[PDB]
Amino acid sequence: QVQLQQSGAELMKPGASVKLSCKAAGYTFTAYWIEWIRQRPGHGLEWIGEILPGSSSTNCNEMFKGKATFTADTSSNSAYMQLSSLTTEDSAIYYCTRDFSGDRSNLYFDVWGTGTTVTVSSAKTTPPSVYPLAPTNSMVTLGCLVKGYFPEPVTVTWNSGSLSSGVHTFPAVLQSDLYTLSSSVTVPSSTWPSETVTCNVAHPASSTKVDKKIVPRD
Amino acid sequence: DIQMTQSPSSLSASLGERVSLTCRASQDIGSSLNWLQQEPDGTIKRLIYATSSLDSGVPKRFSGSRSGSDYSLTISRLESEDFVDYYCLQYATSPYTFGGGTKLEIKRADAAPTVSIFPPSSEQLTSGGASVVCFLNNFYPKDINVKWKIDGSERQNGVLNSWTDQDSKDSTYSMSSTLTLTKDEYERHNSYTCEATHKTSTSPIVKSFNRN
Amino acid sequence: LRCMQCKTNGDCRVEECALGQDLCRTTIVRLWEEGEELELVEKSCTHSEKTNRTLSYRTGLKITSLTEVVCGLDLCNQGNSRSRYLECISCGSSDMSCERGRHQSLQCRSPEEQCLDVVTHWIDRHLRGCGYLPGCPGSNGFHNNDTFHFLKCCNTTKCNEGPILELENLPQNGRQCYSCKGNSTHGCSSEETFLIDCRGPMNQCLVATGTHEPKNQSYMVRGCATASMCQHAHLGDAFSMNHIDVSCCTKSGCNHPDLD
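Chains as they are written, first to last, in my numbering: chain A, 1 to 218; chain B, 1 to 212; chain C, 1 to 260.
Looking at chain A on its own, in the form it has when it is part of the complex:
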């Protein structure tokens, strides 16, 4: 089968360069241009550039002048893209696809890598500050707030997964150089504080797994 295999997610200090790869399989590697497409958060797809192995020939969108730099190793059926002098705004997913060199429209942009994440930031591995959020006739909603962590992701569960009921976990937003997210759970007003309710926050990067139960305040 035909495949485009992409390098791992990269966590990067602004002002560095990183070399992403797109390893091909299943077809005559040199017969097709390899295309790089950026996709920023909640943003759309943009075209970075391309390179034909095994040639000295490449193109790019003008905007990525100085940033994107393309090479390829035919021995290894591998294509590369360096992004130099990184900033905040290089934080994006990056997909690779293929574009046949010859004429035959059916072979253009037909198969796709599943993308590489590049996240660029100043901040260093930081676990989350899990603060609890306590207060209808029938239902009572409770909350657990994960603030000020880095990097993504965290897993949040309630009563160690047994409680998957009225659970909403929101995607993180940057408060400072750090992320921040909240999780809500909805349970019967008679159930709480009859039985205790606990949010369970794991932040794999910092080897963390912290628990916090919800209790009436004053």
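Bear in mind the hints are in silico, worked out from the structure with no lab data behind them. One or more of the hints may lead you astray.
Straight-line distance between alpha carbons at most 30 Å, and here's what the computed DSBU-like set of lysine-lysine pairs gives [claimed, not checked]:
hint : chain 1 : residue 1 : chain 2 : residue 2
1    : B       : 183       : A       : 209
2    : A       : 212       : B       : 149
3    : B       : 45        : A       : 23
4    : B       : 107       : B       : 183
Anything over 12 Å on all C-beta distances counts as not near chain B; from chain C, calculated [as the list claims (entries may be wrong)]:
hint : residue
5    : 86
6    : 87
7    : 114
8    : 125
Far from chain C by the CB rule (all over 12 Å, computed), these chain B residues [as the list claims (entries may be wrong)]:
hint : residue
9    : 28
10   : 29
11   : 66
12   : 183
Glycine is no exception: its CB is placed at the ideal position from the N, C-alpha and C atoms.
Since the structure of chain A is already known, use the hints to place chains B and C on it.
Relative to the frame of chain A, chains B and C by itself:
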């Protein structure tokens, strides 16, 4: 540099309903426009190549067509699997360009948002800062917006918002409005409130919270 | 009118255009062939009812790329990465590639260009690829006792595919028009004229007169044609005619010399 103007940016529909989206070229690009489909997990697959040619395995309800500068992707009998993002791609001349994407929605009944306000925990107050969280949960359509009130006063900075994709169980949305602050400035005033209005209530819904 | 005049070698001058001439041309031919782009350019005065036209096609590991461009102004023919608009089947008779089923894909380089399919028998035989002729979207051909021309033209992907058009496999219209070619003396004379059975979409009775551009004689033809083929421009390049008459009609035999 050619540009493609895609629409609709967002579109809601039901099962069975036929739908169509469009990319308009700023220059002639022949029949060299392709259509793309992106899964919620980011996975990108190609559906239509060369304006009208269907990909292998793509179900025949998907179809392509040009009219002048408007190249239009069309789906006839919608399936649950179809409600995803779509993009067009022109490859006539480098630099190649994409549409601004189209997000596809399942059409369901209206639903009022279950609002909830939450004062800062003492553990955060210990660290020094203070956050107030408004949870707006389970409402359709997405047409809604937030307001905070500090003794009445709407606040500009400190607010942050997060939204969920359309829930795959009830088919609704949910929102997380968060109001960030610190010691001195929070340790002052006596009423905080997260107000928001939806299509289901003429009077905005409110959660008047006094810190005592 | 005066037009730049340069031979293949490239020695140039200003040609005072002879009486009648009112257009200046620039025929550019190109041959890509495994890493060598070969360009020849002719310029001169040229006769009217001519239009900008181009044909590009693939012969095996080669690409032949014809182009001509005209205009009415004095010295108008003076001075003058990857593009992809339409996938077109291509081949040629110069290597019996069109005659066989070795039908390569050629991508059109310009937005105007369309997928073509021509057949030319008297006086390459078969051609397929990318090109432009005015008002092209559609097919139009012609045939008589000996001559057979056709030119299909389309704007969708791989529309110029399938078997090679032979006049023989086409049906009979029912239309019968008169078939002749030559001058009204020894040529299109009334005994020399005769009835043939029209074919395919060529169901118009046609007569076309004019003058053979090479030698200053006049020249006439009759036969079966499409409606679109009924056109002052199209006969002047299929037979090098100009200063033309083109009459068409749809009664079997409305061709006849008596009926001119």
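Hints breached by this structure: 4, 5, 6, 7, 9, 10 and 11
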